[PDB]
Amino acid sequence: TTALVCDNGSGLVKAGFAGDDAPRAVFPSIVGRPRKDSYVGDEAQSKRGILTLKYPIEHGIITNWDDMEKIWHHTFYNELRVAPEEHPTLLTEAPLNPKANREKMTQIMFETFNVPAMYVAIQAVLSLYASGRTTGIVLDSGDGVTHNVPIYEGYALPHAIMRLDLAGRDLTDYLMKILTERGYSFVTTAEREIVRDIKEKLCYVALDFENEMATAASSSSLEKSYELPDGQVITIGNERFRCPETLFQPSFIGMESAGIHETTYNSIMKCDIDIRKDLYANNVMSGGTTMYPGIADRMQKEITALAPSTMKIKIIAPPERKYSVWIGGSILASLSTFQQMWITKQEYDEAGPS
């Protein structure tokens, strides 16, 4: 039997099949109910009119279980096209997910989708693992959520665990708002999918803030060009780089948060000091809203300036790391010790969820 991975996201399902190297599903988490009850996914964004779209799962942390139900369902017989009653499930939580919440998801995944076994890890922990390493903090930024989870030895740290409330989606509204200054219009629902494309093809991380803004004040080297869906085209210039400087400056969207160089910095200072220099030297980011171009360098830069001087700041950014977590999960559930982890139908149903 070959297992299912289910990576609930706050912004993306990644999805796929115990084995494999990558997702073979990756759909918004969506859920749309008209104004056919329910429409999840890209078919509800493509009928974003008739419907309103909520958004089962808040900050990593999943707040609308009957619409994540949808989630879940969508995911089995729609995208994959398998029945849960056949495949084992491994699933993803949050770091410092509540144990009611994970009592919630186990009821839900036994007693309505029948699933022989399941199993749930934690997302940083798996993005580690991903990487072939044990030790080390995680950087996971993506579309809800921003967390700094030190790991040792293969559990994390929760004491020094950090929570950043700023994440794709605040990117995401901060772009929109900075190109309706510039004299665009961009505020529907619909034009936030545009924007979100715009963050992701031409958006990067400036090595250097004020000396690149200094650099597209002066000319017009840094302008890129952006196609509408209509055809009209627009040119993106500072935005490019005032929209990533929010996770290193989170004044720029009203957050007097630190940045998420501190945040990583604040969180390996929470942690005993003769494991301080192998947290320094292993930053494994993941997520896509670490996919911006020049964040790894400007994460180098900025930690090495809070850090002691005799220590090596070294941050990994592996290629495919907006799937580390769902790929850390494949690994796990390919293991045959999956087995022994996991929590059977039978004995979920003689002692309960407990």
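Numbering follows the first chain given and starts at 1. First, how it differs from the form deposited in another entry.
- For the rigid-body turn between these two forms, the listed residue at the hinge is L332, chosen from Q249, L332, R192, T106.
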Given for the second form:
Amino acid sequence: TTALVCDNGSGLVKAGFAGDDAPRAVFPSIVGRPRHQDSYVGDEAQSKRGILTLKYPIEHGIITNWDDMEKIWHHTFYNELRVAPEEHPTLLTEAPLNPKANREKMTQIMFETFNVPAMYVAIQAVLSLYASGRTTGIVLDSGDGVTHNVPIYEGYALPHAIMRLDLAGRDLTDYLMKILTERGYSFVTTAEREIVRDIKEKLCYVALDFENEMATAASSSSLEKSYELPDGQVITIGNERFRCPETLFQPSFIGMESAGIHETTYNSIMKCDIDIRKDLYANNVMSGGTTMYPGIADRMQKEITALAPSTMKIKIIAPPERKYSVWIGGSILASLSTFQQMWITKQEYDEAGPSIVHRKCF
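Now that we've seen the form deposited in one PDB entry, could you pull up the form deposited in another entry?
Here we give the lone chain, stripped of any partners or molecules.
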């Protein structure tokens, strides 16, 4: 019996089999329907986006369209992995600070619609920490939604210090779409959002000193890069390369009054007992696609240094595989019989209903 591991991101499904070193299916968490007013899912929706309007059933880690989410899960099982879900214990994941009803309904659908024999819902950042070989540290997880900070001590997340920011990769894509209009380019539709997402992933970076970088960009063309669009048109981008992810550090770029990711990391550490803070500062683990910008770890190092006590030893850990760290941690834990012992069984669900998820999954 092989367990399935599915990390349902806001942007991408990462799915596969426990014991594998990587997810075998990674595809967009999207359902497409004809732009002219039946549906397509994942890679195929992306391929035919020319005639489709694309919708993400998850926003900021919360499922907002349950019918489309069911389509995503069905596609994951039957079309991608090509498994019968009633044969496989299944590990799912979730962002922290979600409303409790999200995982209740995940549990209900998995048992009542997909008939899984057993399942568990894990907190993403905890999986990332184990993937890094640690029991103590503070995870900064940022995907296509929900940037979160989770400090963990001796294997237990510290709930009073968990922080969440509903600002992540999708917001950065949308902001790049907006600022590319200043250059006279027009990216507006859901299909165009996916093009801009690709430009962001290929060409953006975090400046070490934002104001200096802005001056460099005005002094010459040294920071410019070109990008070939699907129709063959070649565009040029300049200071947008680093203004886009600067939003992580300055959420006011999109009109949010929130603390940026450096100050939120610092605030999370400061909510923890003083005697463990040195270990958290020395073990800041980044996970998720929005932590992949070149320069982000060095900028984090600089900004946390400026906030922390002057002698504090600070280290940012940025695993090269961190787009998949949550999934990998799940693959490891789901390979352990004692972890599976905690999973909700079909009989437990039949007798207790969705409430059981809160009594078993931590």
